[PDB]
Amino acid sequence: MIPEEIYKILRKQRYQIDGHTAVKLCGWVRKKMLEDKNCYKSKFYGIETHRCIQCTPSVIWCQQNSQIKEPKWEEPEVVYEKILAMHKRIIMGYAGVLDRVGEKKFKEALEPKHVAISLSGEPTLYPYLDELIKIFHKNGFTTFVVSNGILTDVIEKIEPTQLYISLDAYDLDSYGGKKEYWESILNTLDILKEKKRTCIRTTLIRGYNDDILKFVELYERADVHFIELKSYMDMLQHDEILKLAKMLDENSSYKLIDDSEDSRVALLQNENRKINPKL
(Lines of atoms letter the chains of each structure in order from A and count residues from 1; the text may use other names and numbers.)
(Lines give C-alpha, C1' and ligand atoms only; values in the text may rest on other atoms or scores of the structure.)
Protein backbone atom coordinates (compact mmCIF):
# COMPACT_ATOMS: atom_id res chain seq x y z
CA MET A 1 0.00 0.00 0.00
CA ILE A 2 3.12 2.18 -0.01
CA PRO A 3 5.64 2.85 -2.83
CA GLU A 4 8.63 0.55 -2.33
CA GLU A 5 10.79 3.65 -2.58
CA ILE A 6 9.07 5.42 0.31
CA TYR A 7 8.93 2.20 2.32
CA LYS A 8 12.70 1.63 2.21
CA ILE A 9 13.08 5.18 3.52
CA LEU A 10 10.70 4.49 6.41
CA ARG A 11 12.18 1.11 7.32
CA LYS A 12 15.57 2.80 7.28
CA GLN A 13 13.89 5.04 9.86
CA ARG A 14 12.83 2.03 11.94
CA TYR A 15 9.17 2.57 11.07
CA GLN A 16 6.73 -0.30 11.55
CA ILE A 17 3.94 -0.18 8.99
CA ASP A 18 0.52 -1.81 8.55
CA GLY A 19 -1.90 -0.45 5.97
CA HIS A 20 -2.21 3.30 6.38
CA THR A 21 -0.91 3.09 9.97
CA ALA A 22 2.61 3.23 11.44
CA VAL A 23 4.44 3.13 14.75
CA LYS A 24 8.03 3.75 15.77
CA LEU A 25 9.75 3.30 19.10
CA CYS A 26 11.03 6.61 20.44
CA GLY A 27 14.82 6.45 20.22
CA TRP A 28 14.81 7.30 23.92
CA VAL A 29 13.02 4.08 24.87
CA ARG A 30 16.16 1.91 24.91
CA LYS A 31 17.88 4.49 27.08
CA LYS A 32 15.06 4.13 29.62
CA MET A 33 14.92 0.33 29.56
CA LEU A 34 18.65 -0.14 29.93
CA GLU A 35 20.16 3.05 31.36
CA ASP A 36 17.03 4.11 33.29
CA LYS A 37 17.30 7.47 31.50
CA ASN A 38 14.29 9.70 30.75
CA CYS A 39 13.43 11.83 27.69
CA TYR A 40 11.99 15.35 27.35
CA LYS A 41 8.53 13.74 27.45
CA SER A 42 9.31 12.52 30.95
CA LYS A 43 10.94 15.84 31.80
CA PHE A 44 8.24 18.24 30.51
CA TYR A 45 5.11 16.20 31.21
CA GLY A 46 5.84 13.31 33.59
CA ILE A 47 5.18 10.68 30.94
CA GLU A 48 6.86 7.30 31.41
CA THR A 49 9.21 7.06 28.43
CA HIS A 50 9.14 3.25 28.17
CA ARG A 51 5.33 3.24 28.33
CA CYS A 52 4.78 5.59 25.42
CA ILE A 53 3.71 4.65 21.88
CA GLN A 54 4.70 6.91 18.96
CA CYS A 55 2.41 6.42 15.96
CA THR A 56 0.24 7.78 13.16
CA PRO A 57 -3.04 6.76 11.42
CA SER A 58 -1.89 8.41 8.16
CA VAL A 59 1.73 7.48 7.40
CA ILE A 60 2.39 9.29 4.11
CA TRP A 61 -0.77 11.33 3.53
CA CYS A 62 -0.59 15.05 4.30
CA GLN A 63 -1.76 18.24 2.55
CA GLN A 64 1.04 20.74 3.17
CA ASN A 65 4.72 19.75 3.28
CA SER A 66 1.73 13.83 -2.47
CA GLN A 67 0.28 12.52 -5.73
CA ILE A 68 -0.80 9.35 -3.92
CA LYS A 69 -4.53 9.30 -3.30
CA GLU A 70 -5.96 8.72 0.16
CA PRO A 71 -6.59 5.06 1.12
CA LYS A 72 -9.70 3.21 2.32
CA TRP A 73 -9.37 4.29 5.94
CA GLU A 74 -9.91 1.36 8.29
CA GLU A 75 -12.31 1.57 11.23
CA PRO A 76 -10.90 3.05 14.47
CA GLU A 77 -11.06 -0.18 16.47
CA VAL A 78 -8.84 -1.83 13.85
CA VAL A 79 -6.36 1.05 13.74
CA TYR A 80 -6.16 0.82 17.53
CA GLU A 81 -5.35 -2.90 17.47
CA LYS A 82 -2.75 -2.47 14.73
CA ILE A 83 -0.93 0.25 16.72
CA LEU A 84 -0.90 -1.79 19.95
CA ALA A 85 0.18 -4.94 18.11
CA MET A 86 2.97 -3.18 16.22
CA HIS A 87 4.26 -1.53 19.40
CA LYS A 88 4.13 -4.90 21.17
CA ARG A 89 6.40 -6.43 18.51
CA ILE A 90 9.16 -3.89 19.07
CA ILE A 91 8.89 -4.28 22.84
CA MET A 92 9.16 -8.04 22.31
CA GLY A 93 12.77 -7.42 21.27
CA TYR A 94 13.58 -6.51 24.86
CA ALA A 95 12.67 -10.03 25.96
CA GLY A 96 16.27 -10.93 25.22
CA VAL A 97 17.60 -8.45 27.78
CA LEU A 98 15.17 -9.09 30.61
CA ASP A 99 18.16 -9.68 32.91
CA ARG A 100 19.21 -6.14 32.10
CA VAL A 101 15.81 -4.43 31.99
CA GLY A 102 14.14 -6.29 34.83
CA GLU A 103 10.65 -7.76 34.93
CA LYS A 104 9.09 -4.60 36.35
CA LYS A 105 10.05 -2.29 33.47
CA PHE A 106 9.43 -4.94 30.82
CA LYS A 107 5.92 -5.59 32.11
CA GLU A 108 5.26 -1.83 32.21
CA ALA A 109 6.41 -1.53 28.58
CA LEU A 110 4.11 -4.37 27.55
CA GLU A 111 1.30 -2.19 28.95
CA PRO A 112 1.72 1.32 27.43
CA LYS A 113 -0.04 4.26 29.13
CA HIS A 114 0.58 7.08 26.68
CA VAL A 115 0.32 7.43 22.94
CA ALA A 116 1.73 10.16 20.74
CA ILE A 117 -0.04 10.47 17.41
CA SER A 118 2.72 12.51 15.79
CA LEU A 119 4.85 10.02 13.91
CA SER A 120 4.22 11.09 10.32
CA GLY A 121 1.74 12.68 7.93
CA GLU A 122 -1.39 14.50 9.06
CA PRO A 123 -3.45 12.61 11.71
CA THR A 124 -6.60 14.63 11.08
CA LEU A 125 -6.86 13.26 7.54
CA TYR A 126 -7.79 9.93 9.11
CA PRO A 127 -11.63 10.31 9.21
CA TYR A 128 -12.09 8.34 12.44
CA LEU A 129 -9.47 10.23 14.50
CA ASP A 130 -11.96 11.33 17.16
CA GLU A 131 -13.25 7.81 17.74
CA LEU A 132 -9.69 6.46 17.83
CA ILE A 133 -8.71 8.93 20.53
CA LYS A 134 -11.81 8.04 22.55
CA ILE A 135 -10.85 4.40 22.20
CA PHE A 136 -7.35 5.01 23.58
CA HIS A 137 -8.92 6.91 26.48
CA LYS A 138 -11.30 4.03 27.09
CA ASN A 139 -8.29 1.78 27.55
CA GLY A 140 -6.36 3.93 30.02
CA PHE A 141 -4.16 5.93 27.62
CA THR A 142 -3.49 9.65 27.77
CA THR A 143 -3.19 11.14 24.28
CA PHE A 144 -1.01 13.67 22.50
CA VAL A 145 -1.83 14.62 18.94
CA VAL A 146 0.14 16.86 16.59
CA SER A 147 -1.65 18.50 13.68
CA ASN A 148 -1.02 21.17 11.04
CA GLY A 149 -4.38 22.69 11.98
CA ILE A 150 -5.60 22.87 8.37
CA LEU A 151 -8.76 20.85 9.15
CA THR A 152 -10.34 23.17 11.71
CA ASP A 153 -13.49 21.05 11.84
CA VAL A 154 -11.69 17.90 13.01
CA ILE A 155 -9.70 19.76 15.65
CA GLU A 156 -12.72 21.44 17.25
CA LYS A 157 -14.19 18.02 18.05
CA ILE A 158 -11.19 15.85 19.03
CA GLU A 159 -10.48 15.95 22.76
CA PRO A 160 -6.97 14.56 23.39
CA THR A 161 -5.13 14.93 26.68
CA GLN A 162 -2.97 17.46 24.86
CA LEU A 163 -3.38 18.90 21.40
CA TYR A 164 -0.43 20.22 19.45
CA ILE A 165 -0.61 22.45 16.40
CA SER A 166 2.66 22.68 14.52
CA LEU A 167 3.09 26.31 13.45
CA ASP A 168 6.37 26.60 11.58
CA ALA A 169 5.35 29.79 9.75
CA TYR A 170 4.13 33.17 11.04
CA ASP A 171 2.21 34.55 8.06
CA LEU A 172 0.64 34.01 4.62
CA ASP A 173 3.86 34.60 2.70
CA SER A 174 6.34 32.84 5.00
CA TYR A 175 4.08 29.79 4.62
CA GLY A 176 5.37 25.20 0.01
CA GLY A 177 1.71 25.69 0.90
CA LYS A 178 -1.59 27.21 -0.30
CA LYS A 179 -3.15 30.37 1.13
CA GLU A 180 -6.54 28.69 1.54
CA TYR A 181 -4.88 26.33 4.00
CA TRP A 182 -3.42 29.16 6.04
CA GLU A 183 -6.94 30.58 6.13
CA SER A 184 -8.07 27.36 7.80
CA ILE A 185 -5.09 27.28 10.17
CA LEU A 186 -6.01 30.74 11.49
CA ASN A 187 -9.58 29.72 12.29
CA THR A 188 -8.28 26.69 14.16
CA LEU A 189 -5.93 28.97 16.06
CA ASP A 190 -8.90 31.14 17.05
CA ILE A 191 -10.71 28.18 18.62
CA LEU A 192 -7.74 26.61 20.44
CA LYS A 193 -8.31 28.72 23.58
CA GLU A 194 -11.49 26.69 24.08
CA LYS A 195 -9.74 23.32 24.42
CA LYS A 196 -8.61 21.69 27.67
CA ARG A 197 -4.90 21.56 26.96
CA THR A 198 -3.04 23.04 24.01
CA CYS A 199 0.48 23.73 22.83
CA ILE A 200 1.92 25.16 19.66
CA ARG A 201 5.13 23.53 18.52
CA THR A 202 7.49 25.39 16.24
CA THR A 203 10.47 23.77 14.57
CA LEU A 204 12.89 26.54 13.61
CA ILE A 205 15.62 26.57 10.96
CA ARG A 206 18.26 29.22 10.16
CA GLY A 207 17.20 32.13 7.99
CA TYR A 208 13.87 30.35 7.74
CA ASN A 209 12.20 30.50 11.17
CA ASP A 210 14.73 32.29 13.40
CA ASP A 211 12.77 35.57 13.62
CA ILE A 212 10.87 34.21 16.64
CA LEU A 213 9.22 37.53 17.54
CA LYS A 214 7.36 37.19 14.26
CA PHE A 215 5.19 34.51 15.86
CA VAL A 216 4.16 36.57 18.90
CA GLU A 217 1.04 37.89 17.16
CA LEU A 218 -0.19 34.36 16.50
CA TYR A 219 1.04 32.88 19.78
CA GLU A 220 -0.92 35.63 21.56
CA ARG A 221 -3.89 35.13 19.27
CA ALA A 222 -3.94 31.35 19.72
CA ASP A 223 -3.55 31.97 23.44
CA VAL A 224 -2.54 28.34 24.06
CA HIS A 225 -1.26 26.73 27.26
CA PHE A 226 2.29 25.94 26.11
CA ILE A 227 4.80 26.74 23.38
CA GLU A 228 7.46 24.25 22.35
CA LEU A 229 10.46 25.68 20.49
CA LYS A 230 12.42 22.91 18.81
CA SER A 231 15.59 22.68 16.76
CA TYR A 232 14.94 21.02 13.41
CA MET A 233 17.18 18.00 12.89
CA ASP A 234 23.65 24.15 10.31
CA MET A 235 20.70 23.06 12.48
CA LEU A 236 20.14 25.33 15.49
CA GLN A 237 21.96 24.34 18.67
CA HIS A 238 20.39 24.14 22.13
CA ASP A 239 21.81 27.51 23.28
CA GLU A 240 20.38 29.14 20.16
CA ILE A 241 17.07 27.50 21.06
CA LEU A 242 17.36 28.79 24.63
CA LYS A 243 18.27 32.34 23.53
CA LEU A 244 15.36 32.47 21.07
CA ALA A 245 13.19 31.15 23.89
CA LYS A 246 14.42 34.07 25.99
CA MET A 247 13.48 36.67 23.41
CA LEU A 248 10.00 35.15 23.16
CA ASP A 249 9.72 35.19 26.97
CA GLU A 250 10.59 38.88 27.07
CA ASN A 251 8.21 39.80 24.29
CA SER A 252 5.06 37.81 24.96
CA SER A 253 2.88 36.16 27.61
CA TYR A 254 4.69 32.84 27.23
CA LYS A 255 7.46 32.33 29.78
CA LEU A 256 10.37 29.89 29.72
CA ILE A 257 9.88 27.08 32.24
CA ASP A 258 11.89 24.11 30.97
CA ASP A 259 14.14 22.64 28.30
CA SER A 260 15.96 19.47 27.25
CA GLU A 261 19.44 19.56 25.70
CA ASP A 262 19.26 15.99 24.43
CA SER A 263 16.26 16.85 22.23
CA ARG A 264 17.08 20.53 21.70
CA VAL A 265 13.70 21.81 22.79
CA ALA A 266 12.41 24.57 25.09
CA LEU A 267 9.02 24.74 26.84
CA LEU A 268 7.23 28.07 27.41
CA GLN A 269 4.08 28.59 29.51
CA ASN A 270 1.14 30.96 28.96
CA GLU A 271 1.41 33.39 31.87
CA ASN A 272 -2.35 33.95 31.60
CA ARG A 273 -3.47 30.31 31.44
CA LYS A 274 -0.95 28.58 33.72
CA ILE A 275 -1.62 24.88 34.04
CA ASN A 276 0.88 22.33 35.39
CA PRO A 277 2.78 20.74 32.49
CA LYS A 278 2.87 17.55 34.57
CA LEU A 279 0.08 15.07 33.86
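Numbering follows the first chain given and starts at 1. Throughout, rigid core stands for the largest set of C-alpha atoms superposing within 1.5 Å between the two forms. What changes on going to the form deposited in another entry:
Taking the rigid core as fixed, one finds a CA shift for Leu256 smaller than 2 Å between the two forms.
With the core held fixed, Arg273 shows a CA shift below 2 Å between the two forms.
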The other form holds:
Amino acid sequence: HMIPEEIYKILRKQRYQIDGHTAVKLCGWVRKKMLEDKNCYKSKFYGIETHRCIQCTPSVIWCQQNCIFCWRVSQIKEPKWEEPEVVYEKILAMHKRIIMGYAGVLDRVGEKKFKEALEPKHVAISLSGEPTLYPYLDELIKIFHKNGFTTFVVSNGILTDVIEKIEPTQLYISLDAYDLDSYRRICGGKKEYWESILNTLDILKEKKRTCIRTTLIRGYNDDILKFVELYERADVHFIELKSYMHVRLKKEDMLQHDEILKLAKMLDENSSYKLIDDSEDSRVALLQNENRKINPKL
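Following the display of the form deposited in one PDB entry, present the structure of the form deposited in another entry.
Shown next is a single chain and nothing more.
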Protein backbone atom coordinates (compact mmCIF):
# COMPACT_ATOMS: atom_id res chain seq x y z
CA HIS A 1 0.00 0.00 0.00
CA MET A 2 1.02 3.64 -0.49
CA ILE A 3 0.68 4.70 3.17
CA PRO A 4 1.89 2.72 6.22
CA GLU A 5 -0.99 1.01 8.00
CA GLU A 6 -0.15 2.88 11.20
CA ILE A 7 -0.28 6.28 9.48
CA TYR A 8 -3.47 5.38 7.61
CA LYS A 9 -5.22 4.45 10.86
CA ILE A 10 -4.00 7.66 12.54
CA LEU A 11 -5.31 9.77 9.66
CA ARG A 12 -8.67 7.99 9.69
CA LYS A 13 -8.92 8.79 13.40
CA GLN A 14 -8.26 12.45 12.44
CA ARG A 15 -11.26 12.05 10.08
CA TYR A 16 -9.28 12.08 6.83
CA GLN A 17 -10.75 10.38 3.79
CA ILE A 18 -7.80 8.70 2.04
CA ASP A 19 -7.56 7.09 -1.42
CA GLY A 20 -4.02 6.27 -2.51
CA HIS A 21 -1.85 9.36 -2.00
CA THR A 22 -4.83 11.75 -2.04
CA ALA A 23 -6.92 12.90 0.91
CA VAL A 24 -9.94 15.04 1.72
CA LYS A 25 -11.07 16.32 5.10
CA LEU A 26 -14.08 18.46 5.98
CA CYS A 27 -12.88 21.88 7.09
CA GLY A 28 -14.22 22.70 10.55
CA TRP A 29 -15.94 25.80 9.15
CA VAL A 30 -18.03 23.72 6.74
CA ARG A 31 -19.64 22.13 9.78
CA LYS A 32 -20.23 25.54 11.38
CA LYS A 33 -21.75 26.80 8.12
CA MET A 34 -23.97 23.73 7.67
CA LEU A 35 -25.24 23.66 11.27
CA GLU A 36 -24.95 27.27 12.49
CA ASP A 37 -24.85 29.36 9.26
CA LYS A 38 -21.41 30.67 10.29
CA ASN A 39 -18.98 31.74 7.54
CA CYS A 40 -15.20 31.25 7.43
CA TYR A 41 -12.77 34.12 7.01
CA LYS A 42 -12.23 33.20 3.32
CA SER A 43 -15.91 33.89 2.82
CA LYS A 44 -15.44 37.28 4.50
CA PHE A 45 -12.21 38.16 2.66
CA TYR A 46 -12.74 36.63 -0.76
CA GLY A 47 -16.46 35.93 -1.21
CA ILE A 48 -16.09 32.14 -1.21
CA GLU A 49 -19.10 30.11 -0.01
CA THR A 50 -17.87 28.20 3.05
CA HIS A 51 -20.09 25.12 2.63
CA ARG A 52 -19.08 24.77 -1.04
CA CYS A 53 -15.31 24.35 -0.38
CA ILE A 54 -13.33 21.12 -0.71
CA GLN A 55 -10.22 20.88 1.48
CA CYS A 56 -7.87 18.32 -0.05
CA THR A 57 -4.31 17.29 -0.94
CA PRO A 58 -2.76 15.15 -3.71
CA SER A 59 0.28 14.42 -1.47
CA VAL A 60 -1.16 13.60 1.95
CA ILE A 61 2.03 12.60 3.79
CA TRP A 62 4.90 13.80 1.55
CA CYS A 63 6.57 17.15 2.28
CA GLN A 64 10.18 18.34 2.42
CA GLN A 65 9.80 20.24 5.71
CA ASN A 66 9.41 19.25 9.37
CA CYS A 67 7.74 22.26 10.97
CA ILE A 68 7.34 22.70 14.70
CA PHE A 69 3.56 23.08 14.29
CA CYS A 70 3.20 20.12 11.88
CA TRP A 71 2.34 16.46 12.55
CA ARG A 72 1.14 16.90 16.13
CA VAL A 73 -0.03 13.26 16.11
CA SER A 74 10.52 11.23 7.04
CA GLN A 75 11.44 7.87 5.51
CA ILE A 76 8.20 6.97 3.69
CA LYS A 77 9.00 6.44 0.02
CA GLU A 78 7.07 8.49 -2.50
CA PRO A 79 4.21 6.63 -4.21
CA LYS A 80 3.57 5.79 -7.84
CA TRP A 81 1.64 9.01 -8.48
CA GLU A 82 -1.78 8.57 -10.10
CA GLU A 83 -2.98 10.42 -13.19
CA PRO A 84 -4.57 13.83 -12.52
CA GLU A 85 -7.97 12.79 -13.93
CA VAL A 86 -8.03 9.99 -11.35
CA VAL A 87 -6.95 12.28 -8.49
CA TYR A 88 -9.69 14.74 -9.48
CA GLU A 89 -12.44 12.11 -9.44
CA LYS A 90 -11.20 10.69 -6.13
CA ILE A 91 -11.25 14.13 -4.52
CA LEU A 92 -14.82 14.77 -5.66
CA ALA A 93 -15.99 11.31 -4.52
CA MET A 94 -14.41 11.59 -1.07
CA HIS A 95 -15.89 15.07 -0.65
CA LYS A 96 -19.33 13.79 -1.64
CA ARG A 97 -19.04 11.00 0.93
CA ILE A 98 -18.28 13.57 3.65
CA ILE A 99 -21.21 15.82 2.69
CA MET A 100 -23.58 12.84 2.61
CA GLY A 101 -22.86 12.58 6.35
CA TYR A 102 -25.30 15.48 6.77
CA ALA A 103 -28.21 13.58 5.18
CA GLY A 104 -29.18 12.20 8.59
CA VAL A 105 -29.56 15.72 10.03
CA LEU A 106 -31.27 17.36 7.04
CA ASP A 107 -33.64 19.23 9.36
CA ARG A 108 -30.62 20.80 11.10
CA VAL A 109 -29.06 21.84 7.77
CA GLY A 110 -31.97 22.54 5.43
CA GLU A 111 -32.40 21.09 1.96
CA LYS A 112 -31.09 24.27 0.30
CA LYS A 113 -27.67 24.20 1.98
CA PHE A 114 -27.45 20.42 1.53
CA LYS A 115 -28.02 20.63 -2.22
CA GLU A 116 -25.46 23.45 -2.42
CA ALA A 117 -22.84 21.57 -0.41
CA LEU A 118 -23.30 18.62 -2.79
CA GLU A 119 -22.27 20.98 -5.64
CA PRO A 120 -18.94 22.42 -4.44
CA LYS A 121 -17.52 25.50 -6.17
CA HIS A 122 -14.10 25.97 -4.57
CA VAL A 123 -11.11 23.67 -3.94
CA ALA A 124 -8.52 24.42 -1.25
CA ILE A 125 -5.45 22.32 -2.10
CA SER A 126 -4.01 22.86 1.36
CA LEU A 127 -4.91 19.98 3.70
CA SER A 128 -1.56 18.29 4.44
CA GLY A 129 1.71 17.54 2.69
CA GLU A 130 3.30 19.64 -0.05
CA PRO A 131 1.10 19.78 -3.18
CA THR A 132 3.97 20.58 -5.55
CA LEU A 133 5.48 17.16 -4.87
CA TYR A 134 2.55 15.70 -6.81
CA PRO A 135 4.08 15.83 -10.32
CA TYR A 136 0.78 16.43 -12.16
CA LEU A 137 -0.40 19.32 -9.98
CA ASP A 138 -0.53 21.74 -12.92
CA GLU A 139 -2.76 19.33 -14.85
CA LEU A 140 -4.95 18.74 -11.79
CA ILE A 141 -5.54 22.48 -11.37
CA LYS A 142 -6.48 22.78 -15.06
CA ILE A 143 -9.04 19.97 -14.67
CA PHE A 144 -10.62 21.71 -11.67
CA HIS A 145 -10.91 24.97 -13.63
CA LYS A 146 -12.46 23.34 -16.70
CA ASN A 147 -15.05 21.72 -14.40
CA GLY A 148 -15.99 25.07 -12.87
CA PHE A 149 -14.03 25.14 -9.58
CA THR A 150 -11.92 27.96 -8.24
CA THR A 151 -8.63 26.81 -6.75
CA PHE A 152 -6.54 27.91 -3.79
CA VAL A 153 -3.15 26.19 -3.55
CA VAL A 154 -0.93 26.49 -0.46
CA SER A 155 2.74 25.66 -1.04
CA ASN A 156 5.95 25.97 0.95
CA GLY A 157 7.43 27.45 -2.24
CA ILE A 158 10.55 25.27 -2.40
CA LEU A 159 9.93 23.87 -5.91
CA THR A 160 10.26 27.13 -7.82
CA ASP A 161 9.79 25.46 -11.22
CA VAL A 162 6.37 24.14 -10.20
CA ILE A 163 5.34 27.54 -8.83
CA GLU A 164 6.34 29.10 -12.16
CA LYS A 165 4.11 26.65 -14.05
CA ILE A 166 0.90 26.51 -12.03
CA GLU A 167 -1.91 29.08 -12.18
CA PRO A 168 -4.53 28.51 -9.47
CA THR A 169 -7.20 31.10 -8.79
CA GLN A 170 -5.09 32.18 -5.82
CA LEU A 171 -1.60 30.90 -5.06
CA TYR A 172 -0.54 30.96 -1.40
CA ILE A 173 3.09 30.68 -0.37
CA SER A 174 3.58 29.84 3.29
CA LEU A 175 6.32 32.07 4.64
CA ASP A 176 6.79 31.31 8.33
CA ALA A 177 10.44 32.37 8.58
CA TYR A 178 12.62 35.28 7.51
CA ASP A 179 16.21 33.98 7.55
CA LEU A 180 18.10 30.70 7.61
CA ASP A 181 18.19 30.43 11.42
CA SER A 182 14.46 30.99 11.82
CA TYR A 183 13.74 28.68 8.89
CA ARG A 184 15.65 25.82 10.49
CA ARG A 185 14.08 26.57 13.88
CA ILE A 186 10.48 26.72 12.64
CA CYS A 187 10.32 24.69 9.44
CA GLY A 188 13.05 22.10 10.07
CA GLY A 189 14.23 22.48 6.47
CA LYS A 190 17.60 22.46 4.71
CA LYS A 191 19.52 25.60 3.84
CA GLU A 192 19.08 24.59 0.17
CA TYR A 193 15.31 24.74 0.64
CA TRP A 194 15.49 28.25 2.10
CA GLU A 195 17.56 29.50 -0.86
CA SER A 196 15.02 27.94 -3.24
CA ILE A 197 12.15 29.64 -1.40
CA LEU A 198 13.91 32.99 -1.85
CA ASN A 199 14.20 32.24 -5.58
CA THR A 200 10.46 31.57 -5.60
CA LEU A 201 9.80 34.97 -3.97
CA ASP A 202 11.52 36.58 -6.99
CA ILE A 203 8.98 35.21 -9.49
CA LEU A 204 5.73 35.50 -7.51
CA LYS A 205 5.09 38.88 -9.16
CA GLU A 206 4.71 36.99 -12.48
CA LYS A 207 1.68 35.07 -11.19
CA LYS A 208 -1.94 36.09 -11.75
CA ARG A 209 -3.00 36.26 -8.09
CA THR A 210 -0.77 35.69 -5.08
CA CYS A 211 -0.91 35.73 -1.28
CA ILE A 212 1.78 35.08 1.35
CA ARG A 213 0.43 33.52 4.56
CA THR A 214 2.62 33.87 7.67
CA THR A 215 1.67 31.80 10.73
CA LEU A 216 2.95 33.59 13.81
CA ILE A 217 4.16 31.75 16.93
CA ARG A 218 4.96 33.71 20.09
CA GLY A 219 8.71 34.05 20.55
CA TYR A 220 9.59 32.09 17.39
CA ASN A 221 8.86 34.34 14.42
CA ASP A 222 6.66 37.14 15.71
CA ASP A 223 9.11 40.01 15.11
CA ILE A 224 7.06 41.13 12.11
CA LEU A 225 9.52 43.77 10.85
CA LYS A 226 12.06 41.02 10.16
CA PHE A 227 9.77 39.84 7.30
CA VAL A 228 9.42 43.20 5.54
CA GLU A 229 12.28 42.88 3.05
CA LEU A 230 11.03 39.42 2.01
CA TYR A 231 7.45 40.65 1.62
CA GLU A 232 8.62 43.58 -0.55
CA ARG A 233 10.86 41.27 -2.60
CA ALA A 234 7.87 38.97 -3.17
CA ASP A 235 5.60 41.83 -4.35
CA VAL A 236 2.43 39.70 -3.96
CA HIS A 237 -1.17 40.91 -4.08
CA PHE A 238 -2.11 40.04 -0.48
CA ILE A 239 -0.62 38.97 2.83
CA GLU A 240 -2.43 37.00 5.53
CA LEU A 241 -0.99 37.32 9.04
CA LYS A 242 -2.41 34.49 11.15
CA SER A 243 -1.85 33.25 14.68
CA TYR A 244 -0.69 29.74 15.30
CA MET A 245 -3.70 27.72 16.47
CA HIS A 246 -2.92 25.24 19.24
CA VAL A 247 -4.00 21.59 18.93
CA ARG A 248 5.31 20.49 20.67
CA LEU A 249 3.92 23.97 21.37
CA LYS A 250 1.58 25.32 24.04
CA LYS A 251 -1.67 27.29 23.94
CA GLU A 252 0.24 30.30 25.35
CA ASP A 253 2.24 30.37 22.08
CA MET A 254 -0.88 31.60 20.26
CA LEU A 255 -1.13 35.34 19.69
CA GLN A 256 -4.24 37.24 20.75
CA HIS A 257 -6.22 38.78 17.91
CA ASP A 258 -5.23 42.21 19.25
CA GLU A 259 -1.60 41.18 18.83
CA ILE A 260 -2.27 40.06 15.24
CA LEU A 261 -3.82 43.47 14.60
CA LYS A 262 -0.85 45.22 16.26
CA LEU A 263 1.63 43.35 14.06
CA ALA A 264 -0.50 43.96 10.94
CA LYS A 265 -0.57 47.69 11.69
CA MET A 266 3.21 47.68 12.20
CA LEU A 267 3.56 45.91 8.84
CA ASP A 268 1.27 48.52 7.27
CA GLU A 269 3.32 51.37 8.75
CA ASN A 270 6.58 49.88 7.45
CA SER A 271 5.74 48.44 4.03
CA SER A 272 3.71 48.88 0.88
CA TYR A 273 1.13 46.41 2.24
CA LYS A 274 -1.95 48.02 3.78
CA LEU A 275 -4.31 46.50 6.36
CA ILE A 276 -7.75 46.10 4.77
CA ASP A 277 -9.65 43.40 6.71
CA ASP A 278 -9.44 41.00 9.65
CA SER A 279 -11.28 38.07 11.26
CA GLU A 280 -11.13 37.64 15.04
CA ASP A 281 -12.63 34.12 14.78
CA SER A 282 -9.53 32.88 12.96
CA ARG A 283 -7.04 35.47 14.33
CA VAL A 284 -6.07 36.62 10.84
CA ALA A 285 -5.43 40.02 9.24
CA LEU A 286 -5.55 40.70 5.49
CA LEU A 287 -3.14 43.19 3.91
CA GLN A 288 -3.15 44.44 0.31
CA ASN A 289 -0.21 45.52 -1.86
CA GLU A 290 -0.83 49.24 -2.45
CA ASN A 291 1.13 49.08 -5.74
CA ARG A 292 -0.68 45.97 -7.07
CA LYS A 293 -4.27 46.52 -5.93
CA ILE A 294 -6.79 43.92 -7.08
CA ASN A 295 -10.26 43.20 -5.76
CA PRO A 296 -10.04 40.64 -2.91
CA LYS A 297 -13.49 39.35 -3.83
CA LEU A 298 -13.17 36.59 -6.43
